[PDB]
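Colleague: Throw the hints in and build the complete structure from the sequences for me.
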Amino acid sequence: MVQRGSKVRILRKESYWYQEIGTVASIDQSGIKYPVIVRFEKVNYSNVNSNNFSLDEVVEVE
Amino acid sequence: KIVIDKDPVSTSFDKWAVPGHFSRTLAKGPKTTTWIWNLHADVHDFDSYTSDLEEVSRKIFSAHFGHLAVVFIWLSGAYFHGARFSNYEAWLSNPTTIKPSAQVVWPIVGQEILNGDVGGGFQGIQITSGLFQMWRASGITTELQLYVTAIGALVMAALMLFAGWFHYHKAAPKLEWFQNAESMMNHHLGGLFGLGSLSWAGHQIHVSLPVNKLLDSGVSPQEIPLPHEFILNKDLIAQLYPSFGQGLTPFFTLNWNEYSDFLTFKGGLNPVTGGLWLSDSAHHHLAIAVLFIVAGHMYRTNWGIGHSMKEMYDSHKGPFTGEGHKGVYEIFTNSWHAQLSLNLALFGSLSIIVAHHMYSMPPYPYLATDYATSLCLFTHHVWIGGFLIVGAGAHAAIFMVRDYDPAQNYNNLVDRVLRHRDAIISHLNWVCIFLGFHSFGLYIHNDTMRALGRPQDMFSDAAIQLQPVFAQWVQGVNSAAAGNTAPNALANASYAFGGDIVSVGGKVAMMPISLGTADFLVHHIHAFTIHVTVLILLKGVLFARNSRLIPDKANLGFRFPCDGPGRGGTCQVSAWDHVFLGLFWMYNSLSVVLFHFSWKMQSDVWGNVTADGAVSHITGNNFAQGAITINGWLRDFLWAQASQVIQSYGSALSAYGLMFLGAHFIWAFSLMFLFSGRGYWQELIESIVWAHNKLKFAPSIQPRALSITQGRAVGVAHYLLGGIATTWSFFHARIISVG
Amino acid sequence: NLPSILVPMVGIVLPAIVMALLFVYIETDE
Amino acid sequence: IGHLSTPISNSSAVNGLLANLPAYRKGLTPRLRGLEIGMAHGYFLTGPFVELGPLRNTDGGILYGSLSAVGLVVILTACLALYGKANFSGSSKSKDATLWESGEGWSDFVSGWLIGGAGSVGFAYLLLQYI
Amino acid sequence: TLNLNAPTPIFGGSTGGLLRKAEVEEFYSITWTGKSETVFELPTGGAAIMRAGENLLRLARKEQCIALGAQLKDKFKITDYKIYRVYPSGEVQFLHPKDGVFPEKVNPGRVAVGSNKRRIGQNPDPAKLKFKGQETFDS
Amino acid sequence: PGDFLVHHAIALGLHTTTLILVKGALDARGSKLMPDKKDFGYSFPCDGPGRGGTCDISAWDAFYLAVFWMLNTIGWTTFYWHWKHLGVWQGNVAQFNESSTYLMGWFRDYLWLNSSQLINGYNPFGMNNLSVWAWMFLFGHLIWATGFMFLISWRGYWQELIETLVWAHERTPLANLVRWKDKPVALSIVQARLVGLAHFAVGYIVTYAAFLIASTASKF
Amino acid sequence: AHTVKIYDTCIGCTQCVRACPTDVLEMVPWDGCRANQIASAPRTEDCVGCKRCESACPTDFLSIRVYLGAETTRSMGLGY
Ligand code: CLA
Ligand code: CLA
Ligand code: CLA
Ligand code: CLA
Ligand SMILES: CC1=C(/C=C/C(C)=C/C=C/C(C)=C/C=C/C=C(C)/C=C/C=C(C)/C=C/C2=C(C)CCCC2(C)C)C(C)(C)CCC1
Ligand SMILES: CC1=C(C/C=C(\C)CCC[C@H](C)CCC[C@H](C)CCCC(C)C)C(=O)c2ccccc2C1=O
Ligand SMILES: CC1=C(C/C=C(\C)CCC[C@H](C)CCC[C@H](C)CCCC(C)C)C(=O)c2ccccc2C1=O
Ligand code: SF4
Ligand code: SF4
Ligand code: SF4
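Residue numbers (the numbering used here), protein chains in the order written: chain G, 1 to 62; chain C, 1 to 739; chain L, 1 to 30; chain V, 1 to 131; chain Z, 1 to 139; chain X, 1 to 220; chain R, 1 to 80.
Worth flagging that the hints you see were computed from the coordinates, not collected in a lab.
Just so you know, even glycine gets a beta-carbon here, dropped at the ideal spot from N, CA and C.
Hints should not be assumed to be uniformly reliable.
Said to hold, decoys possible - As a list, the in silico DSSO-like pairs of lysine-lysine whose alpha-carbon atoms are at most 27 Å apart:
{"hint": "1", "chain 1": "G", "residue 1": "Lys33", "chain 2": "Z", "residue 2": "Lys105"}
{"hint": "2", "chain 1": "X", "residue 1": "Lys219", "chain 2": "Z", "residue 2": "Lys132"}
{"hint": "3", "chain 1": "Z", "residue 1": "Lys21", "chain 2": "V", "residue 2": "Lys95"}
{"hint": "4", "chain 1": "C", "residue 1": "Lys326", "chain 2": "Z", "residue 2": "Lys130"}
{"hint": "5", "chain 1": "C", "residue 1": "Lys234", "chain 2": "C", "residue 2": "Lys1"}
{"hint": "6", "chain 1": "G", "residue 1": "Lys13", "chain 2": "Z", "residue 2": "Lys105"}
Unchecked claim - Ranges of calculated distance between the beta carbons of each label pair, as one might list FRET restraints:
{"hint": "7", "chain 1": "G", "residue 1": "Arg4", "chain 2": "C", "residue 2": "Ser687", "range": "30 to 36 Å"}
{"hint": "8", "chain 1": "X", "residue 1": "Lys183", "chain 2": "Z", "residue 2": "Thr79", "range": "30 to 36 Å"}
{"hint": "9", "chain 1": "V", "residue 1": "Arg31", "chain 2": "C", "residue 2": "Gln456", "range": "56 to 62 Å"}
{"hint": "10", "chain 1": "Z", "residue 1": "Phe76", "chain 2": "R", "residue 2": "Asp8", "range": "35 to 41 Å"}
{"hint": "11", "chain 1": "L", "residue 1": "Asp29", "chain 2": "X", "residue 2": "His141", "range": "39 to 45 Å"}
{"hint": "12", "chain 1": "X", "residue 1": "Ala175", "chain 2": "V", "residue 2": "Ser68", "range": "21 to 27 Å"}
{"hint": "13", "chain 1": "X", "residue 1": "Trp89", "chain 2": "C", "residue 2": "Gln456", "range": "56 to 62 Å"}
{"hint": "14", "chain 1": "Z", "residue 1": "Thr79", "chain 2": "C", "residue 2": "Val9", "range": "54 to 60 Å"}
{"hint": "15", "chain 1": "C", "residue 1": "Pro30", "chain 2": "Z", "residue 2": "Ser89", "range": "21 to 27 Å"}
{"hint": "16", "chain 1": "X", "residue 1": "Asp182", "chain 2": "C", "residue 2": "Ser687", "range": "40 to 46 Å"}
{"hint": "17", "chain 1": "Z", "residue 1": "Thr79", "chain 2": "C", "residue 2": "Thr301", "range": "44 to 50 Å"}
{"hint": "18", "chain 1": "Z", "residue 1": "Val113", "chain 2": "V", "residue 2": "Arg31", "range": "55 to 61 Å"}
{"hint": "19", "chain 1": "Z", "residue 1": "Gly90", "chain 2": "R", "residue 2": "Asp8", "range": "48 to 54 Å"}
{"hint": "20", "chain 1": "L", "residue 1": "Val24", "chain 2": "Z", "residue 2": "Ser89", "range": "25 to 31 Å"}
Stated by the list, open to error - Here are a few chain V residues that sit away from chain X, every Cβ distance over 10 Å (derived from the structure):
{"hint": "21", "residue": "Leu21"}
{"hint": "22", "residue": "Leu72"}
{"hint": "23", "residue": "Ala86"}
Modeller: Right under this line is the structure:
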């Protein structure tokens, strides 16, 4: 179980931050798919720092 | 009226620490490396981030002061290197044999071979700027006068730099002080253009004309009295053109005919220098002054009388053209870019007129015989002028994207060109293809007729003639005006149309440039390549806001790469990308203009004159039968005349040979950016940020490829930098060696 | 002799035929 | 309105020439209007060949130049036949039903272009070599 | 419906508008009410004057009607523009708004057309769908 | 020494050409800038101006860039082989040995020097048995340069220009009367790269073939 | 016409829909929560393929994807 503010590593292979370390902004407390909002220090090509992932795409590197 | 704001901007270094302090986007820090290129791109585009037209206009006003400072800095180094590091003193004793040189090169690894045997007891780089012939026309005979002019330019640079700080940080004008166009037209015509040519005529009468008549008699440059001694000693100025004993009393009693010895209408070239008469130029700028001084008394001010330019555009309207010029004054007093477009149009068009009027009427003494100088002065101002014409079509397009208004432009002359822009472009489209076939195809015909053994089937003077009869008639009505339609002129406007040959030393200063079938062919190449340059730039100006393809092109901006791969593909649709495409076509237009110049002068005009009067030219009149084919443009011009830029290694011409190959390199380096696209290099960088992440040191500023619009700009910069500097190197090392 | 007959056939006449044959084939429809 | 209104647009000194040319004229059949187009175009097409040719000071320059002119008419007879097979595939109808909109007489136009074209090429050959 | 005919604005111009494609197949019309007599840029050139109206303008593409329709909502705040596509020589009446509500707003009763129940990394290989009628992106 | 430098230039060409081809192939299925590239096939225009810009992102475009590098590589190979053998065939090997160690030697003693006769295949005084090669030499330069037009100027400029021509045709009497069966449109994004490269590379080879044959046949 | 697919990573931001120059996209009720919205492409026959939609999508690697296909008068953006 990943809480907010925890450091994760992204398992989504199509993401820009695949196999990279980011910190969770928040977890949506409902049944919405991909609720894990991770904020990253590196920007992608669209210059955005956040994305939604699922629990299966994040880990608990801490 | 003058209304000034006191201290709007403080003088601190707090914003020097922050790059990109001026906009909301750039004052956040760089997340990528495109921020570095986005920083330097729109610093001097003040209209984008500052949305207050009063604030933009003060930034523009102080920027011109800072630009005036760096020209005075350049003017001081033009004079200081003329005083300390030049052979200007021995050049005045022998302007024909001793070559004009400055820029002594330091004794290091071997570039002290560039300090060549240039004349007298001097070793330096032979300069092709015309500064030696310009200072001789100005009257300068010693390097003490060149020294104070270098000091006088540095204090003028600091005065412009102080005025730029003062008029933004301390005492900034309001918006209404800038919109006073009628007072600004009044002042620049009378003060800047009238008194500038009035007082320079004051220099030319009191300083230039006394020392140059003593130079033409040829005593010595050291025996000539000083230019202030022609003011004190009134008997000394009465020895040459003896109308100074009568003073200003012929001027105030309207007996101006007494000044007919230093204010003449001789109209031609000096037989001893090969330049224009300085008495002609003294009478010239005086008449230019009075024409310009009264022209500054035309527009209305706060004293009732005068024209108002808003009421000259109202009631200049016809039945063909709707509202006429109604609304143009509200455009030109509110749009800084529509001002910049029209000011760049006729400042660049003027610079080609300067180049065309200075080889035919050489204004400076011993300029026409210096073939090393007059060719580079032509090719400079043509290149400088044509760059500004592309900036005319550039900033006219930025007017349409952000400064155009549908409400103010209703049925006026801006709107009526926007309503038939397909009629203008497609008729411009036809006349480019018509001129492309019927000028360039007459070489392809002549290449094919020469190759197939048929020299009687081509377009030549010994073949199907295409004679320039509309130009040979103008060669006849302008060469027969001495005594007929300009009766007080002693000779014609120049010797280019027709007349005798003028020989200073042994070389031609000026001779009749005869036109033929080969001159008909290149002049329709010029009219073709100019018309395509209009065709790209006017298509970008007219379709800047919308088209049939993209109707919301003004919502995306003046500068964006594309609107996607859809609609078939919309790459290079922007008004920026037409300027980017017109820069190559300006390069194509101007480079054949100077190839026309550098071969017509060397073959038909420039050369040596024997003691009997016969002329032996440089390349031997091979423009008539050579320039009609592309092969003759390749064999007898680009192959044969580039024999001195490639055999230059081991002499003082070696750095031109290094610049010859140095610009062949950067020209080809441009095609790496032009032919390619960004998404290749972004994934090539993705493997290179991998190996910097592999050894754990990748930068937090993420490495990005250049943008599509930037990679077009990086390519078009190195294309022009590599293309012109090839022509800079080929022209310089040729005419230094042959002329 | 046969060069003088054949090189305007495949140089002029035969390309005029196959361009005529390909142009009708392109702009036909069902 | 869609079309722009210039003062020189819709002028009867210009529109009157259009309605009386043999391409918009009301009474002509496709055999007649192709004969008039060919007789005008073949008459001036022998112009450039006889004074601008590979052989001009010959027996010979007028005969061979006029032979090239009928050579263009029989080329443009093929192009008028090729344009007819493409643009009229079953003589595709439209709203106006002219000769040019839907074909319906187009084989007579291409034949009439050939007679008037090769005739006026040969007719102008009579006026230069003879007459 | 289209309310043809309606008064075309006081324009008189534009070479760049509504050529032979319009009379053979599929031209477009945009109908709005301008609550002023202001001048506005066209997709072809720029002016007409907006009528009180019942205003109507025949354009060449659906692209130009939304590009003009974005201008009436931005500059003049009149969001009641109604684009159409004509009868017999045209195809489908009442192109926008298709549900009566602007497409940026959600409306119940619409159906999800073109949806994929996966990400793009979960899309199969093109070698897995070789020599088949299935598409790599379709579900 | 001359042979040393060129061999590393040729090596530079073989490595850079392979690099373009290897990176294009290994990123063909996807990269960070385009994770689903494989879904669009071998050849597609791009992926729009979004995500920073994506021109030349398809595997086909990588081959396209590599065709420029191979010609350059095979050029340096053939330039070297020709100049070296030229001295060898004339029994004056000293020219190549001393001039090939600096690039001005390749520009003055190889290109400019050996083009003397070729460029004179025809002139204002006559023509020799090299007029064909001289015409072809110029022919090659023109079609090489014509390829630059498609490679530098892209679709959008042309599509909008073509629209004014469509307008002009439809509004001119005696021409309006006839109509195209296929609507005129600008060349595609991928098409232009191919058409530009084809002109470039036909021109590249045709120019060198004309020079190589004529320069050697002139002096033997 | 071009094909425009919408993947299940959409966060109903409406940016794509408001970027489309020909009104190809609209927001429709999602049934996975009955609270949020997903993008849809009901009028793909009018898609010109400009890709303005994708350039507006905030998600790290697109939720809406445009795969250029068969070209038509509408898709080529012709006024003729
Ligand atoms: C020397 C005292 C001084 C100080 C401390 C300041 C300080 C400031 N100026 Mg002021 N100003 C000054 C003198 C000074 N200025 C002068 C002499 C001029 C006339 C040119 C101006 C005209 C001016 C304008 C129009 C503006 C400012 C602005 C500013 C503010 C931000 C500028 C900045 O941070 O970029 C620092 C910039 C640099 C370090 C680069 C200097 C570029 C120089 C002038 C020219 C370089 C060209 C040179 C030839 C290089 C070419 C290439 C080379 C290889 C040949 C800052 C408070 C801006 C502002 O207040 O915005 C709200 C603003 O818009 N200044
Ligand atoms: C882009 C930068 C640039 C550079 C580096 C140069 C460099 C040079 N110029 Mg050129 N010039 C340029 C642009 C440039 N020019 C442009 C765009 C024009 C057209 C306006 C000119 C017009 C010009 C003239 C007429 C002359 C030069 C000369 C020279 C050479 C001597 C330097 C000098 O101080 O002469 C100082 C300048 C003079 C002695 C003549 C000035 C007389 C003109 C008519 C004054 C006009 C001023 C006015 C404000 C501009 C017109 C505004 C109008 C459109 C409203 C030097 C090579 C001179 C030369 O050929 O030397 C042998 C020369 O006589 N230039
Ligand atoms: C040398 C290389 C080259 C050539 C030949 C062209 C040719 C052309 N350019 Mg291009 N251009 C080039 C490089 C070149 N460009 C580059 C590098 C760029 C990138 C910056 C561009 C960017 C550019 C733009 C932005 C534009 C052009 C336009 C044009 C056309 C101008 C009108 C014209 O002259 O038509 C007549 C054609 C010729 C003179 C070509 C030679 C034809 C010969 C003489 C006749 C043919 C012989 C024979 C019949 C051929 C076929 C035989 C066979 C079928 C049996 C012309 C086709 C413009 C245009 O399209 O305007 C309408 C235009 O706006 N070009
Ligand atoms: C590759 C095939 C090919 C061949 C065999 C030729 C052959 C010829 N061309 Mg060339 N030409 C070609 C391709 C070819 N061309 C291409 C691709 C171009 C574009 C670059 C040209 C551009 C060109 C021009 C501008 C000219 C020629 C001319 C000529 C002729 C010169 C000698 C002559 O006039 O005899 C004297 C004989 C005659 C004048 C009459 C010969 C027969 C004529 C052409 C046809 C007679 C009508 C015939 C009954 C029916 C038409 C045949 C047709 C339907 C197939 C020669 C017949 C010249 C010429 O005379 O044009 C006609 C000429 O001015 N050519
Ligand atoms: C200058 C001018 C003009 C004019 C131009 C033109 C338009 C011309 C053309 C003309 C032409 C272009 C003409 C035509 C003619 C025709 C003819 C002359 C024909 C004839 C033919 C014949 C007669 C033939 C017959 C035949 C046949 C059909 C078959 C059988 C046999 C024979 C052979 C008999 C205009 C008015 C515009 C305007 C002003 C300026
Ligand atoms: C080569 C190339 C690149 C790659 C080129 C890049 C990314 C430029 C980077 C090179 C510069 C020189 C990096 C500079 C790094 C530091 C500033 C060096 C500082 C050193 C100090 C000592 C001064 C593109 O991004 C591109 C984009 C679009 C079309 C064509 C092309 C293209 O051709
Ligand atoms: C000139 C030009 C055009 C306009 C050219 C077009 C639309 C085609 C013009 C070709 C005509 C038909 C002449 C063709 C002559 C060839 C010799 C014919 C070859 C045909 C083969 C099948 C043999 C573009 O559409 C374009 C698009 C993208 C980038 C660059 C450009 C570009 O440079
Ligand atoms: S700039 Fe790039 S994305 Fe845009 S049309 Fe050109 S290749 Fe395609
Ligand atoms: S597809 Fe992209 S733009 Fe559209 S709603 Fe989803 S996240 Fe927003
Ligand atoms: S490709 Fe362009 S037109 Fe098609 S849905 Fe996306 S944004 Fe809209």
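Colleague: Decide, hint by hint, whether the structure agrees.
Modeller: Each hint tested on the structure:
1. G:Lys33 - Z:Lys105: Answer holds: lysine 33 (chain G) to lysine 105 (chain Z) is near 22 Å, not above 27 Å.
2. X:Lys219 - Z:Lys132: violated, 63 Å
3. Z:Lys21 - V:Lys95: holds, 13 Å
4. C:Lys326 - Z:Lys130: violated, 66 Å
5. C:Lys234 - C:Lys1: With Cα atoms ~45 Å apart, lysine 234 (chain C) and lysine 1 (chain C) exceed 27 Å; violated.
6. G:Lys13 - Z:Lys105: violated, 33 Å
7. G:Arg4 - C:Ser687: 30 to 36 Å: holds, 35 Å
8. X:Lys183 - Z:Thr79: 30 to 36 Å: holds, 35 Å
9. V:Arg31 - C:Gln456: 56 to 62 Å: Taking Cβ atoms as reference, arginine 31 (chain V) and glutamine 456 (chain C) lie about 44 Å apart, which means the hint is violated.
10. Z:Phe76 - R:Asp8: 35 to 41 Å: Given about 39 Å between the Cβ atoms, the range holds.
11. L:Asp29 - X:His141: 39 to 45 Å: Cβ of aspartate 29 (chain L) to Cβ of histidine 141 (chain X): about 43 Å, so the range 39 to 45 Å holds.
12. X:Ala175 - V:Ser68: 21 to 27 Å: Holds: the Cβ-Cβ distance is about 25 Å, inside 21 to 27 Å.
13. X:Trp89 - C:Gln456: 56 to 62 Å: violated, 40 Å
14. Z:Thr79 - C:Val9: 54 to 60 Å: Once the Cβ atoms are compared, 42 Å apart, the range 54 to 60 Å for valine 9 (chain C) and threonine 79 (chain Z) is violated.
15. C:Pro30 - Z:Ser89: 21 to 27 Å: Violated - the Cβ-Cβ distance for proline 30 (chain C) and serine 89 (chain Z), about 56 Å, lies outside 21 to 27 Å.
16. X:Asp182 - C:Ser687: 40 to 46 Å: Holds, since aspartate 182 (chain X) and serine 687 (chain C) (Cβ atoms, about 43 Å apart) stay within the stated range.
17. Z:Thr79 - C:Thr301: 44 to 50 Å: Given a distance of about 49 Å, which is inside 44 to 50 Å, the answer is holds.
18. Z:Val113 - V:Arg31: 55 to 61 Å: Holds - the Cβ-Cβ distance for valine 113 (chain Z) and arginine 31 (chain V), about 56 Å, lies within 55 to 61 Å.
19. Z:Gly90 - R:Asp8: 48 to 54 Å: violated, 37 Å
20. L:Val24 - Z:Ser89: 25 to 31 Å: With a Cβ separation near 29 Å, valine 24 (chain L) and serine 89 (chain Z) satisfy 25 to 31 Å, so the hint holds.
21. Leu21: About 7 Å separates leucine 21 (chain V) from the closest Cβ of chain X, which leaves it inside 10 Å; violated.
22. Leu72: With a cut-off of 10 Å, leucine 72 (chain V) remains clear of chain X, as the shortest Cβ separation is near 18 Å.
23. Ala86: violated, 5 Å
Hints 2, 4, 5, 6, 9, 13, 14, 15, 19, 21 and 23 from the earlier list are contradicted by this structure; the remaining hints agree with it.
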